[PDB]
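Shown next as structure tokens: one chain only, the form solved without ligand 2CP.
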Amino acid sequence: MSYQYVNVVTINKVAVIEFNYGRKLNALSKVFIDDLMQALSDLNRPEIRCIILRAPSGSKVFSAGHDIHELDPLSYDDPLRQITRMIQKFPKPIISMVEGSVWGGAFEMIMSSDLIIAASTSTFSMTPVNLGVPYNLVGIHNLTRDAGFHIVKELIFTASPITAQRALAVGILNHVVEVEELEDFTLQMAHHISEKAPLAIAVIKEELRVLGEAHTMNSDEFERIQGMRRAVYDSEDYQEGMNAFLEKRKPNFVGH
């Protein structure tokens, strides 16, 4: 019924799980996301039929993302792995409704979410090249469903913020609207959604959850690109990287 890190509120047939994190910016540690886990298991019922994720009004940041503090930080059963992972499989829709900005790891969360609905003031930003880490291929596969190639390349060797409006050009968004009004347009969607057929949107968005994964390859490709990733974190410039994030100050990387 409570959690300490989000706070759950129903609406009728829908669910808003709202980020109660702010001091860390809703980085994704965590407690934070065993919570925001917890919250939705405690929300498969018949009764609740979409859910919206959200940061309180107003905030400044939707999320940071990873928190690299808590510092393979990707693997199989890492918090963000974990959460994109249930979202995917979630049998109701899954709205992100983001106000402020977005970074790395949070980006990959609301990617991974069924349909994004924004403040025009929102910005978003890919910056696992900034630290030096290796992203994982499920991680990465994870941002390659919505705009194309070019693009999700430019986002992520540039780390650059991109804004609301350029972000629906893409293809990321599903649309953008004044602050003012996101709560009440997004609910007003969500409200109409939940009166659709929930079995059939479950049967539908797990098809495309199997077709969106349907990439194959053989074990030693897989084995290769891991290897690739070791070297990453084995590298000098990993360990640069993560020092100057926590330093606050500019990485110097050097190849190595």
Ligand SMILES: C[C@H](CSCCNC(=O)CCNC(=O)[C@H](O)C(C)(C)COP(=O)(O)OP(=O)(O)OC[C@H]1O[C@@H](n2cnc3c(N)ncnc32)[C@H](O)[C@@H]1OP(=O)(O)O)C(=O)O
The other form holds:
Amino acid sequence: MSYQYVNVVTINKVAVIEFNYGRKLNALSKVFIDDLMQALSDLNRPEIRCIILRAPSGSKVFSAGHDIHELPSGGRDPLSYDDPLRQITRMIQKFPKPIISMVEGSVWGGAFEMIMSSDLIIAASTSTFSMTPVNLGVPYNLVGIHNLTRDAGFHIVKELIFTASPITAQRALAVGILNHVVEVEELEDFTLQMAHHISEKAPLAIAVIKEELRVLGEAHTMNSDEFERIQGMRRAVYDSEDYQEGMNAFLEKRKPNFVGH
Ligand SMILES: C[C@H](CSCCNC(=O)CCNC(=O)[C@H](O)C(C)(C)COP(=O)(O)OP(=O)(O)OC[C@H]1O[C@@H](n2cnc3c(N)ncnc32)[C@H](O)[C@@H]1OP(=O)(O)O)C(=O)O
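Next up, the form deposited with ligand 2CP bound, please; the one we just looked at was the form solved without ligand 2CP.
Following is the full complex, with the preceding chain placed first.
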């Protein structure tokens, strides 16, 4: 069909979704996220084998992440259940087709977890990636955090999150995050060919395995108590002062000062 924030394209049985939010740098706004969900929903058809997420060629930034302004004021949980990021990720995961991420430019925060949540990840030799909840003082959620612990080692993810610094593709590759890393000029082709090949295969097989794999990576559980406990700390980081100072600094585009409360 036709979407406002997105741009779908079919090549054989390969669908390619292109982000069209250049004005907000492809920040994760509900509006955007919603369209992305409509476009996927739409593409859930027998004729479609493999999907592909991408940012317009030339892009300097894949996605800047969550839209701060859209962040909570400090009344509820930002990272709620029905929060845009939660939905698309759950969605992407339970999606019966393979979803490749062709990355161009930089990825930030929520983007990283989003593309992390996909099945494959091909990237330009130049992209960079960085997890940044700490730069603003955000107490992510458990699930969000989990989805980042399925490829790279703990120490690595810890380093990622902790310093909130950006890593290069080459590194992100070496640590087992991305599948491949190509030269810009070759990025599209490469990704395409792969999607075509994968689409030569038994769609029904793929759907089940991807579901088994999903069912497995979630096989991490804990008691009632333990959840509320972390949830409590979560709440407490919200109502924090360092918190507020976190947004501000940014909005005021000034370097923040964390106190410890
Ligand atoms: C954990 C995480 C935290 S929430 C957010 C995580 N996002 C980040 O950590 C990325 C922060 N954004 C940036 O580092 C940068 O904007 C970056 C690298 C994308 C571009 O640097 P740049 O020099 O090319 O551009 P810039 O700094 O001039 O920013 C240009 C414009 O984009 C806006 N802008 C950038 N990122 C965001 C965002 N996430 N939400 C809302 N507005 C944003 C700036 O406020 C600004 O608007 P005006 O100039 O009109 O005022 C998450 O839930 O995702």
